[PDB]
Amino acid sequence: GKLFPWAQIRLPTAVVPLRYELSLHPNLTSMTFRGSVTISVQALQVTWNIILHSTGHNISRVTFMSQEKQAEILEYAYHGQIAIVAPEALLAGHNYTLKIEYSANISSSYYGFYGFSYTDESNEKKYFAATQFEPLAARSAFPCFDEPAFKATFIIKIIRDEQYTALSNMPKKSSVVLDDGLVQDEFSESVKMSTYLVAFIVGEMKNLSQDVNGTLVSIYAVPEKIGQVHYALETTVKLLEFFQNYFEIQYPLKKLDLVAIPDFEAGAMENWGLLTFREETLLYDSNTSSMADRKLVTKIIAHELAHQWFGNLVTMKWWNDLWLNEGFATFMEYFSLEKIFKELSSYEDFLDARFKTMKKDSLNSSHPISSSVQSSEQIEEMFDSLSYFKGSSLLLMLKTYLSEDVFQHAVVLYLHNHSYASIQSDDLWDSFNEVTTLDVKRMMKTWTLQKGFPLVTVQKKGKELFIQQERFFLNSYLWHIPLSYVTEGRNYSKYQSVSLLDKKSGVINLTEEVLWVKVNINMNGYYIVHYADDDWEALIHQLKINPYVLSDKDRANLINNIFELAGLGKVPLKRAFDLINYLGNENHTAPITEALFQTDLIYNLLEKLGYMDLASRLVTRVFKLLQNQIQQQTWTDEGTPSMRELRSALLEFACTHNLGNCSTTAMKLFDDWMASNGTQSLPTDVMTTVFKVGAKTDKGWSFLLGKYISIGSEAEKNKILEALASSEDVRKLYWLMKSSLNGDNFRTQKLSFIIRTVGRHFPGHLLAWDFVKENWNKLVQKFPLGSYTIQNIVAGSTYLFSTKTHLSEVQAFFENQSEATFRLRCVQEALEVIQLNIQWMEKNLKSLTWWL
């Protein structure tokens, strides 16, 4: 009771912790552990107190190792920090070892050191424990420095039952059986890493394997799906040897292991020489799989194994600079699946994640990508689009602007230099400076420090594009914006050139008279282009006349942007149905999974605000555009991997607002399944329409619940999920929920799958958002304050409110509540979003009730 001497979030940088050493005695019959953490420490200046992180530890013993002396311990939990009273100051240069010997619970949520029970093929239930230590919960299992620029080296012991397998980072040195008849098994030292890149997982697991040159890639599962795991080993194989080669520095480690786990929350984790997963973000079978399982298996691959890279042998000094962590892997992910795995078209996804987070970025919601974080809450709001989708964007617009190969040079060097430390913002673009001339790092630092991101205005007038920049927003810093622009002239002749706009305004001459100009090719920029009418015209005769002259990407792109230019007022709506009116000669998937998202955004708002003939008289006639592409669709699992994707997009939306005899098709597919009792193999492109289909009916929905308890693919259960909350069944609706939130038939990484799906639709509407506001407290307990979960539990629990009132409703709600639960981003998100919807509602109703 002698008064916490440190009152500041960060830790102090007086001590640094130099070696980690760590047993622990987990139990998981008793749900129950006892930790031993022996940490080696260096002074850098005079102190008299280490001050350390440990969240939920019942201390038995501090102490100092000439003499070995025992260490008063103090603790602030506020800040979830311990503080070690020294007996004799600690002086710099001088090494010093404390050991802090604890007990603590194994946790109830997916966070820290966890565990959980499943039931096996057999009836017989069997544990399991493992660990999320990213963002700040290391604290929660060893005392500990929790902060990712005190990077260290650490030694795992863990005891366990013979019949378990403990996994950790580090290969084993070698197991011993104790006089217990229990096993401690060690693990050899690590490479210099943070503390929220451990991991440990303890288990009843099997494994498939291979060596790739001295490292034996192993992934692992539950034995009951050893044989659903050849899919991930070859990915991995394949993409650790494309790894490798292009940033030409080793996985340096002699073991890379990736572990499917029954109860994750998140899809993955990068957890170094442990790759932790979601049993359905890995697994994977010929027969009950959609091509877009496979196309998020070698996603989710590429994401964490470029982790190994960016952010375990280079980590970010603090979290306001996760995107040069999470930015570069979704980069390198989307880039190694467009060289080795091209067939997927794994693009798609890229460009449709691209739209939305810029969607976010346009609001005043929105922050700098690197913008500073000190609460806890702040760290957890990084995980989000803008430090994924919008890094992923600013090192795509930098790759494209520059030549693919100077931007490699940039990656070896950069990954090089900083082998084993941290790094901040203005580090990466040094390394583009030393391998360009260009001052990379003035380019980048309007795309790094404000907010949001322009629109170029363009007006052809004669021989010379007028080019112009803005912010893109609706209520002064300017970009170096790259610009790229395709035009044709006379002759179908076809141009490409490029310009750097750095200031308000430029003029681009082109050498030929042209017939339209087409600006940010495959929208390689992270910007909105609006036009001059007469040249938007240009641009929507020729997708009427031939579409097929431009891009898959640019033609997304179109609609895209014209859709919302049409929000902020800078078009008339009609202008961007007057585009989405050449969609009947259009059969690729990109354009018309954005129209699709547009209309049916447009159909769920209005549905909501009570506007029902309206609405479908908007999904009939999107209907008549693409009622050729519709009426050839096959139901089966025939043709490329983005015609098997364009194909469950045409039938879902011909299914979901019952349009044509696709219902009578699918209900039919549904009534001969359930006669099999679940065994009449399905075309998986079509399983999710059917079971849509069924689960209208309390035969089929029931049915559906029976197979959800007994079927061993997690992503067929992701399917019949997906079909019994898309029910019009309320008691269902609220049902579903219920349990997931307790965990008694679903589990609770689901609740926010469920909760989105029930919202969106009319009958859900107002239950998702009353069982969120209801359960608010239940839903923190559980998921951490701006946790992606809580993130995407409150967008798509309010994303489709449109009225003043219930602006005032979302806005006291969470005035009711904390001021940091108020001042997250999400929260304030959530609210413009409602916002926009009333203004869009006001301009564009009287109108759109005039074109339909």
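Numbering follows the first chain given and starts at 1. What changes on going to the form deposited in another entry:
- Two rigid parts turn against each other between the two forms; the point where they join, the hinge, is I340 in the list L579, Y164, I340, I300.
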Given for the second form:
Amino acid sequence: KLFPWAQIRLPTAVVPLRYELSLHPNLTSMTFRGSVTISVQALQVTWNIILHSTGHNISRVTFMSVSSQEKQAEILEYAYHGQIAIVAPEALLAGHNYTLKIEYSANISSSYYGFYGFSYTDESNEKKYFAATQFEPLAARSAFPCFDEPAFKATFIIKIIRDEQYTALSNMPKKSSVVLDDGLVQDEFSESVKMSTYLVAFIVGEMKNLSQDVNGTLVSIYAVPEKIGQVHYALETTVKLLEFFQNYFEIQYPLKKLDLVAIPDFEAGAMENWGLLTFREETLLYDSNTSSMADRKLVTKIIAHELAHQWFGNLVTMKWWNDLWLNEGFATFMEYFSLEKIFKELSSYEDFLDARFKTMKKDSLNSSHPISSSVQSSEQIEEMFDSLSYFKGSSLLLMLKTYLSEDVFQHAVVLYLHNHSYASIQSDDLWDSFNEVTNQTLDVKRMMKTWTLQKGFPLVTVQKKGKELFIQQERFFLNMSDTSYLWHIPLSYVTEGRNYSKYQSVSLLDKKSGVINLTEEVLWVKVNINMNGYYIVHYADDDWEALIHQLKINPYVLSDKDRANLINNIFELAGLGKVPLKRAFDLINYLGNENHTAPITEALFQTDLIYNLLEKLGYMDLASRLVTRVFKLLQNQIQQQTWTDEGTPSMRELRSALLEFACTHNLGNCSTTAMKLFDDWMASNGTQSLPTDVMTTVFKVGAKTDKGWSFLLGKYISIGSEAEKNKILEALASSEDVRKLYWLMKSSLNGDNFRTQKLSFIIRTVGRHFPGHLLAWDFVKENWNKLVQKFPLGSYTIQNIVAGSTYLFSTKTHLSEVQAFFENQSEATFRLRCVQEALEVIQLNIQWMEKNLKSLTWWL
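Moving from the form deposited in one PDB entry to the form deposited in another entry:
Chain alone follows, minus partners and molecules.
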């Protein structure tokens, strides 16, 4: 047979309007039966209706006009694009409506994509079942035949026949649960709002709810009976944020109910389905005592993210997958925005600032690609799911929110959504909304497009001569060729004048060079206030010194953000070479008076990275000298740490940082205190509570003794707190018993005492420290086929593994070895971004040493 469609995209010809879907899922037998009624509308004359289906045993297919007589239509198949074509026995005329009915049988998914299912072991030793969905991106067509593209928005009637013991859920509220004569229940849910096919949702599980009503909408967290006590905070928070987003966006959450569900499975699909927000149990659970600081921040973030998406993504969808970064970028921004507004106390701007640092690092590589690309096949569609894009977007919106007013941003947003509700959008449409709120004073589209269409970010260079501030732009490239790179850069700047004459302004650098006229002569100048702009700034020798000297006199004239920024940049610029590593260590000598966590963490991140690179070569004196030096600057702040959980989240994070550093390197009191804490804890059979802020540190010091290691392993297999288990595992993997380390990796690959999902984390941890450095990479090498079977070549896990196991190499010999090995696999494995990023990194490492290593001896 011949197929009438030879394209990845569906034709514009026919358009869905309504969807009546009835399903009969049998979770114990992991199969289902389904019936779809699709009301379409033709626009062009056609003799075929091409839409999406996969893994469907089609029982009956019937076509209609109005004539209530169902006419038997023939169905064609083409598995390559997951398409089916319906041959209609009557031509379909423009404007005319038609209704298609399809009946089918299918399997509930073994994987955790599509309509997936699993079984869990209840608190009663009683084995239970559960089914859910995860359609993003291309998985709704697995669940039911449909038009599976974001632009084809329709309404949905969802009906499932469940079993009485189960709570069945879906997008909309439950219209009618009507008992069937055999012990089965035919649940019906109200007809949905005009929405995208990938956002359709349903869940069948034995579940409890915790509920509350906010204005009209009834928010509800559904958890498994045995863990409903742990979703209190979840709801409490979803209340605060829903309030906020509705107030911010000024468009009201369009449904009467909002459900969040803590799925009891680690591999589970977590996403922002309209009204049915899915999450991994793990990522929603919170105990107001027994949980961590990072624990609060994490779930508070994920709720925000998934909620922000309700408006940015579900109400205003992207026409196609090439604009995903816009919706995830927005969600990832509101993630941190909303949290400053409501959870100011969390200090999540600290996390956001780190994220941004980490993004820039990965973006500045040759391996990086622009966020705005042309996406054709299912591979390029799945390639669009990477935090780099999400985070670059996030960053670009902050740069835009800081350039225009806070209030200007909001009103563009408000206009954007309102104007485009229940429609499909292109990236530009957002910029156009920004264009109009600026009274055409800026372009924004022109401006943003320089960021979105180009890889990487610019390096701004700054020179002060009198009252003249000279700005220069250039692509921040790390040595290893074109000049089309020009970014429209919102430069902010801050200054101190005629004795504590604080001044600040902003100016657009749309050209390769320019000059700012300063109102008066200044002692120092700082560009990119709070690193709100996605760029690195380099300074002329005397301008750097102007900042290096200021930090020594009073660093508090600058924010913790700016101060962290300077610490980041100088170390990055030392890497490039535009500044000697000396100056880098010069700038950070101010640290004695630094009491804010952000700059201290960044200094620690920089110095631990250098330490480990040198450690891995034979240079152990330099490595030690480096650590004693840094310890000296932070001696007081370290000696000031109480081993507790008291203080603001920020200063709680400072404790975990300063204590880990000090313990890792066994400096002063640290080891002995943690060991006493460890012994006491072991002695309680682990029944004594340890302060969450000092847990990992304490556990590590423990694991350094067979007794400790053994007890920890014991507790890992016994206890039930997953987060405590991860902190426990970190310690085990931080041992210096090469044999133990090996065992831990072997075990996780065999899924033996640790599940395979933990493997990358084990490899990352082993590979970081000296006794397991070569071990970790050898394990990766020799177990390559078993790894690639267990995580597909292109998954995030395998990228994590390759990075984790190789990023600390810095010799031509290792470069040779690494390359060789992937060349010895195939050419398709050796062409993978993660393999090319790997080898780019080893080169940059080699280049780092052959630029900074020899001079090192003579200081620190």
